[PDB]
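Asks: Put together the whole structure using the sequences plus the hints.
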Amino acid sequence: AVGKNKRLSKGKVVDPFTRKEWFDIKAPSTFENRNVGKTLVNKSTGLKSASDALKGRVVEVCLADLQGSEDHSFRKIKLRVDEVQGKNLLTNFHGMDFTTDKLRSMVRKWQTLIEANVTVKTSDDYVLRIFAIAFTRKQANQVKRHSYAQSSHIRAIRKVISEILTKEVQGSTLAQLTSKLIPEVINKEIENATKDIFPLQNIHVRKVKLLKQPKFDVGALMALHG
Amino acid sequence: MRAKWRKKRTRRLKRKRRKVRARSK
Amino acid sequence: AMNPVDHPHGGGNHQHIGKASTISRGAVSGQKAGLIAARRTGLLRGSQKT
Amino acid sequence: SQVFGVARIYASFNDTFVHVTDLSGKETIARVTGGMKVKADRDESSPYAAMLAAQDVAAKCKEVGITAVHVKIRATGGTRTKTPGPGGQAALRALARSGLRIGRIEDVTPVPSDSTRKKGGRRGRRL
Amino acid sequence: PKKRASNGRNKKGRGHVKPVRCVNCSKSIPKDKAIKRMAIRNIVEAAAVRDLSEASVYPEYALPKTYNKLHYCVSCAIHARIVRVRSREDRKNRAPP
Amino acid sequence: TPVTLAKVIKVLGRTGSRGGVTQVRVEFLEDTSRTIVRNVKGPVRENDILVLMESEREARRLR
RNA sequence: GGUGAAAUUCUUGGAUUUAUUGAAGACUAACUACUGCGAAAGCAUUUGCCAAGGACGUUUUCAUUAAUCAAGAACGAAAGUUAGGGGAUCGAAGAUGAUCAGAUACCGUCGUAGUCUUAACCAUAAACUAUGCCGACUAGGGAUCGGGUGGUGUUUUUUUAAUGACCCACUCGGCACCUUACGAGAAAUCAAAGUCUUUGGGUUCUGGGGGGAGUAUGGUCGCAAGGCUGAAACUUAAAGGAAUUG
Ligand SMILES: [Mg+2]
Ligand SMILES: [Mg+2]
Ligand SMILES: [Mg+2]
Ligand SMILES: [Mg+2]
Ligand SMILES: [Mg+2]
Ligand SMILES: [Mg+2]
Ligand SMILES: [Mg+2]
Ligand SMILES: [Mg+2]
Ligand SMILES: [Mg+2]
Ligand SMILES: [Mg+2]
Ligand SMILES: [Mg+2]
Ligand SMILES: [Mg+2]
Ligand SMILES: [Mg+2]
Ligand SMILES: [Mg+2]
Numbered sequence: 002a003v004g005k006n007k008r009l010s011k012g013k020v021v022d023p024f025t026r027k028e029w030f031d032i033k034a035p036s037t038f039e040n041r042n043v044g045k046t047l048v049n050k051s052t053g054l055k056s057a058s059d060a061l062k063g064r065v066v067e068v069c070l071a072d073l074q075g076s077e078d079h080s081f082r083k084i085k086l087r088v089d090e091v092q093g094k095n096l097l098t099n100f101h102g103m104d105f106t107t108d109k110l111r112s113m114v115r116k117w118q119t120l121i122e123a124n125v126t127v128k129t130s131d132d133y134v135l136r137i138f139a140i141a142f143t144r145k146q147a148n149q150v151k152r153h154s155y156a157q158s159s160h161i162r163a164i165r166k167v168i169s170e171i172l173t174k175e176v177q178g179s180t181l182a183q184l185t186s187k188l189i190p191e192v193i194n195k196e197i198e199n200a201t202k203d204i205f206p207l208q209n210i211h212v213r214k215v216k217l218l219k220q221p222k223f224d225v226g227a228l229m230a231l232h233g
Numbered sequence: 001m002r003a004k005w006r007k008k009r010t011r012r013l014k015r016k017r018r019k020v021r022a023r024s025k
Numbered sequence: 203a204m205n206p207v208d209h210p211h212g213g214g215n216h217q218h219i220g221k222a223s224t225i226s227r228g229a230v231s232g233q234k235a236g237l238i239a240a241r242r243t244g245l246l247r248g249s250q251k252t
Numbered sequence: 011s012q013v014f015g016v017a018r019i020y021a022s023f024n025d026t027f028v029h030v031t032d033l034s035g036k037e038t039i040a041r042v043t044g045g046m047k048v049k050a051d052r053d054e055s056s057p058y059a060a061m062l063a064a065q066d067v068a069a070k071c072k073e074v075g076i077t078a079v080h081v082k083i084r085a086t087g088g089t090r091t092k093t094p095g096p097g098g099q100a101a102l103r104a105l106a107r108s109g110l111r112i113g114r115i116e117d118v119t120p121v122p123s124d125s126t127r128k129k130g131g132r133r134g135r136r137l
Numbered sequence: 002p003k004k005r006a007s008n009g010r011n012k013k014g015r016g017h018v019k020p021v022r023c024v025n026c027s028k029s030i031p032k033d034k035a036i037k038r039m040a041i042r043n044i045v046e047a048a049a050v051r052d053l054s055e056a057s058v059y060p061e062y063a064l065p066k067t068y069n070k071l072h073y074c075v076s077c078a079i080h081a082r083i084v085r086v087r088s089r090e091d092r093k094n095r096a097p098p
Numbered sequence: 005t006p007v008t009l010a011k012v013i014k015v016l017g018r019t020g021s022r023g024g025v026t027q028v029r030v031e032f033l034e035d036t037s038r039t040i041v042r043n044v045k046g047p048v049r050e051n052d053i054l055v056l057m058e059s060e061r062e063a064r065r066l067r
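Here the protein sequences line up with chains AB, Bm, BA, AO, Aa and Ac, keeping their order. Just so we're aligned: the first sequence equals residues 2 to 13, 20 to 233 in the entry's author numbering. 1 is the number of the first residue of the second sequence in the entry's author numbering; add one for each residue after it. 203 is the number of the first residue of the third sequence in the entry's author numbering; add one for each residue after it. 11 is the number of the first residue of the fourth sequence in the entry's author numbering; add one for each residue after it. 2 is the number of the first residue of the fifth sequence in the entry's author numbering; add one for each residue after it. 5 is the number of the first residue of the sixth sequence in the entry's author numbering; add one for each residue after it.
It should be emphasised that the hints constitute simulated quantities derived from the structure, not laboratory data. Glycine included, every Cβ here is placed at the ideal spot set by N, Cα and C. Treat each hint with caution, since some may be false.
[To be verified] DSS-like cross-link-like pairs, simulated, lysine-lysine; straight-line CA separation at most 25 Å:
{"hint": "1", "chain 1": "Aa", "residue 1": "4", "chain 2": "AB", "residue 2": "116"}
{"hint": "2", "chain 1": "AO", "residue 1": "72", "chain 2": "AB", "residue 2": "50"}
{"hint": "3", "chain 1": "AB", "residue 1": "85", "chain 2": "AO", "residue 2": "36"}
{"hint": "4", "chain 1": "AB", "residue 1": "116", "chain 2": "Aa", "residue 2": "37"}
{"hint": "5", "chain 1": "AO", "residue 1": "82", "chain 2": "Aa", "residue 2": "70"}
{"hint": "6", "chain 1": "AO", "residue 1": "36", "chain 2": "AB", "residue 2": "50"}
{"hint": "7", "chain 1": "Aa", "residue 1": "66", "chain 2": "AB", "residue 2": "85"}
{"hint": "8", "chain 1": "Bm", "residue 1": "8", "chain 2": "Bm", "residue 2": "19"}
{"hint": "9", "chain 1": "AO", "residue 1": "72", "chain 2": "AB", "residue 2": "116"}
{"hint": "10", "chain 1": "AB", "residue 1": "85", "chain 2": "AO", "residue 2": "82"}
{"hint": "11", "chain 1": "AO", "residue 1": "128", "chain 2": "Aa", "residue 2": "37"}
{"hint": "12", "chain 1": "AB", "residue 1": "214", "chain 2": "AO", "residue 2": "49"}
{"hint": "13", "chain 1": "AB", "residue 1": "116", "chain 2": "Aa", "residue 2": "3"}
{"hint": "14", "chain 1": "Aa", "residue 1": "66", "chain 2": "Aa", "residue 2": "37"}
{"hint": "15", "chain 1": "AB", "residue 1": "214", "chain 2": "Aa", "residue 2": "70"}
{"hint": "16", "chain 1": "AO", "residue 1": "129", "chain 2": "Aa", "residue 2": "34"}
{"hint": "17", "chain 1": "AB", "residue 1": "109", "chain 2": "AO", "residue 2": "72"}
{"hint": "18", "chain 1": "AB", "residue 1": "128", "chain 2": "AB", "residue 2": "222"}
{"hint": "19", "chain 1": "AO", "residue 1": "36", "chain 2": "AB", "residue 2": "216"}
{"hint": "20", "chain 1": "AO", "residue 1": "129", "chain 2": "BA", "residue 2": "251"}
{"hint": "21", "chain 1": "AB", "residue 1": "219", "chain 2": "AO", "residue 2": "36"}
{"hint": "22", "chain 1": "Aa", "residue 1": "19", "chain 2": "AO", "residue 2": "128"}
{"hint": "23", "chain 1": "Aa", "residue 1": "93", "chain 2": "Aa", "residue 2": "66"}
{"hint": "24", "chain 1": "Aa", "residue 1": "13", "chain 2": "Aa", "residue 2": "37"}
{"hint": "25", "chain 1": "AB", "residue 1": "45", "chain 2": "AO", "residue 2": "36"}
{"hint": "26", "chain 1": "AB", "residue 1": "27", "chain 2": "AB", "residue 2": "5"}
{"hint": "27", "chain 1": "AO", "residue 1": "82", "chain 2": "AB", "residue 2": "216"}
{"hint": "28", "chain 1": "AB", "residue 1": "214", "chain 2": "AB", "residue 2": "128"}
{"hint": "29", "chain 1": "AO", "residue 1": "92", "chain 2": "Aa", "residue 2": "4"}
{"hint": "30", "chain 1": "AO", "residue 1": "82", "chain 2": "AB", "residue 2": "109"}
{"hint": "31", "chain 1": "AB", "residue 1": "151", "chain 2": "Aa", "residue 2": "13"}
{"hint": "32", "chain 1": "AB", "residue 1": "94", "chain 2": "AO", "residue 2": "128"}
{"hint": "33", "chain 1": "AB", "residue 1": "116", "chain 2": "AB", "residue 2": "202"}
[Unchecked claim] Covered stretches of chain Aa, going by a simulated chain AO footprint (3 or more residues, C-beta under 8 Å):
{"hint": "34", "region": "2-9"}
{"hint": "35", "region": "25-31"}
Replies: Structural data, given as structure tokens:
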């Protein structure tokens, strides 16, 4: 497909990286690993103001690179660049995600999946949508081989999960919550309310996405990058 | 020929007859 | 159905317009009869795609 | 100690897209496709054609300076075949052996929640 | 004469089953009549590990696996080195190999 | 013009519709333990030494 | 991009590609199964409201109210019609590129009606289990859904109870299944397609060699498309069903 370009110009050389200068992404407070990585922006001219050209980027990282332990291998994290200064552009939490392989590996047939989500808002008015997933489990000594729910448990479990997610956000602004997903305390906490209903193995919560964010308030962001 | 098409061939034909008979009444 | 004294369309040995009925936006009063500055004509097919 | 990028490789039938990008994804480096290497239009997705494209993107990294790169294999996605093309993997082996550092290999092909409609009609592509 | 007791499918008491598209030729086909097979493979290769191991930081990273469910229409499945044809007596064996 | 020498450990079988090409999997002499499967045209044994103008493609192995 | 391979097509005005963000319409993936519901068409994201239904439990009530049904009525996939809304994607017609002896086709790129919804029509389908409905009896066995019963049984709470999830045994109803042929059948095959020459449990519908023909005509229903009811002349010794060997 090389010598087939019939026509180039409808109406009828400098290296782009000559004015490209690397920056550094600076993770928020509650992450043990700090150096996220580097970015590329072309040089800021008098009129271009490339310093403003990168406030909108969204950088992609994994907790395994943030906590350093493979136990968080999948645990996908989306960080949003918030303000740039002194080659050390500062980021903030944008949203959690699961890897594709992990999500497909959990879904085996001969069992019942339960999924749920809520649209709670935080103390600092951040609006978040938390998704929660679960799967049923075969009781030890089981003879029958499928272990489906009774479709009134799934109604009942979904009610309990939704209450828990609302509780765990409200009264928590943004970072304790960020430092709550890392230890997966919510994952363990939900299981406390379902064992009396149904086994419900494998409760890794889900992606959580951010919908609407409040005023910038330079000061609050400064707290994270102490 | 196929049964589907023979039934269709009749149907078009009954349109021609139902129209030419209308020239009279 | 009018005479050429009456309308841009008027007149003819048959009732016919004679020239395209799509008038420009820049025409003058007395020249703007018919469809004014039409982007398209004919029966509308498909969604408006506004 | 290593600068990253994202491989963002497009395994598909009829071509192969490989291009490292800055970790943000906005800034792009060395977008080379599989059709750029073979003037046959039939080997567009051939493993050898994909291999050549991967090397040049890997080769073009040193001049920029990026040394390591995350990998995101990605098929046609959507209501399409959803399975990576044969040039899909030969580029990946080409990227790793040419010197760059690989990390965080993942599949990112778009899967729908039972999307609109698949082309082909009711009886499909009769041949 | 009747060829099968289920005649094509596993529909007994269903009325209707809301078809799915064949993933090889897009031929529409009911879900229960399809030839569902699951395709799980190493994300890279059975041989690339000899190279993707050394060329990777984070030694022994995960070797993740891709997941996909493949529906096949009878016409494509028979043609595609799959279930193709068995003896009249062997048609009754439902045990997978 | 870089040239690599590869040695045959064993021959896997004959492929191609015609049946003239045989499937043989080899290893590079230098930088040993690096092995590859490639397709060869002429008569072959084990322990043969091949010359590859390129040493980077994974040949189609019939399986 | 597309393909067995190309061409039309979008491309230096920046395509395909990458990122952030927005809109719109449809669909309800993976879970998803010899699994569930419904009279049948049909029905798979969450919650709330509205009314319904079976099965089970029952030492509640009425007491033969029942079974099947001409006429008659309700619902009735898709396509199609009428009028607003909507109009993403796919796509009858149509326009194009290729193949070919030709290609008004299969392959490719576009694309109108249609697809969606509202209000009102249509009344058909391989509408299939090609197996009318109610009732009794005739062989075993595994498995599953719903309800129930018993088991110092396992599990989690509060080691501890009750529950919930499991395990064992049993039972009522359902979706099915596996072996056998006492029996049935032309046979393929059937736990009903058995209890039919040792021919009678009650009942509705349909059929009578192949073509002409589901045609003509006449009614009647429909906006129309068309539906339902429906011959005769004529012509013929075979059409057909299931298995066997080639
Ligand atoms: Mg047959
Ligand atoms: Mg049906
Ligand atoms: Mg562009
Ligand atoms: Mg179910
Ligand atoms: Mg769903
Ligand atoms: Mg009928
Ligand atoms: Mg019938
Ligand atoms: Mg009976
Ligand atoms: Mg059962
Ligand atoms: Mg029971
Ligand atoms: Mg049932
Ligand atoms: Mg008779
Ligand atoms: Mg007769
Ligand atoms: Mg026969």
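Asks: So if I understand the rule, the pair passes when the alpha-carbon distance is 25 Å or less; does residue 4/Aa with residue 116/AB pass?
Replies: violated, 30 Å
Asks: Against the 25 Å threshold, does the CA-CA distance of residue 66/Aa and residue 37/Aa hold or violate the hint?
Replies: Cα-Cα ~19 Å, so holds.
Asks: Next pair to validate is residue 128/AB with residue 222/AB; report whether the Cα-Cα distance is within 25 Å.
Replies: Measuring from Cα to Cα gives roughly 15 Å; hence the hint holds.
Asks: Can you confirm whether the C-alpha distance between residue 36/AO and residue 216/AB stays at or below 25 Å?
Replies: holds, 20 Å
Asks: Within 25 Å, alpha carbon to alpha carbon, are residue 129/AO and residue 34/Aa?
Replies: holds, 21 Å
Asks: Would the hint linking residue 45/AB and residue 36/AO be met if the CA-CA limit is 25 Å?
Replies: Roughly 12 Å separates the two Cα atoms, so the pair holds.
Asks: For the pair we were handed, residue 66/Aa and residue 85/AB, check the Cα-Cα distance against 25 Å.
Replies: Within the cut-off at roughly 22 Å; holds.
Asks: If you draw a straight line from the CA of residue 214/AB to the CA of residue 49/AO, is it 25 Å or shorter?
Replies: Violated: residue 214/AB and residue 49/AO sit about 44 Å apart, past 25 Å.
Asks: Quickly compare the C-alpha distance for residue 116/AB and residue 3/Aa to 25 Å and report which way the hint goes.
Replies: violated, 32 Å
Asks: Run the distance test for residue 8/Bm versus residue 19/Bm: straight-line Cα separation, threshold 25 Å.
Replies: holds, 17 Å
Asks: Next pair to validate is residue 85/AB with residue 82/AO; report whether the Cα-Cα distance is within 25 Å.
Replies: holds, 15 Å
Asks: Could you grab the alpha-carbon distance between residue 19/Aa and residue 128/AO and see if it respects the 25 Å cut-off?
Replies: holds, 15 Å
Violated hints, listed in ascending order, are 1, 9, 12, 13, 17, 23, 26, 29, 32 and 34; each of the other numbered hints is respected by the structure.
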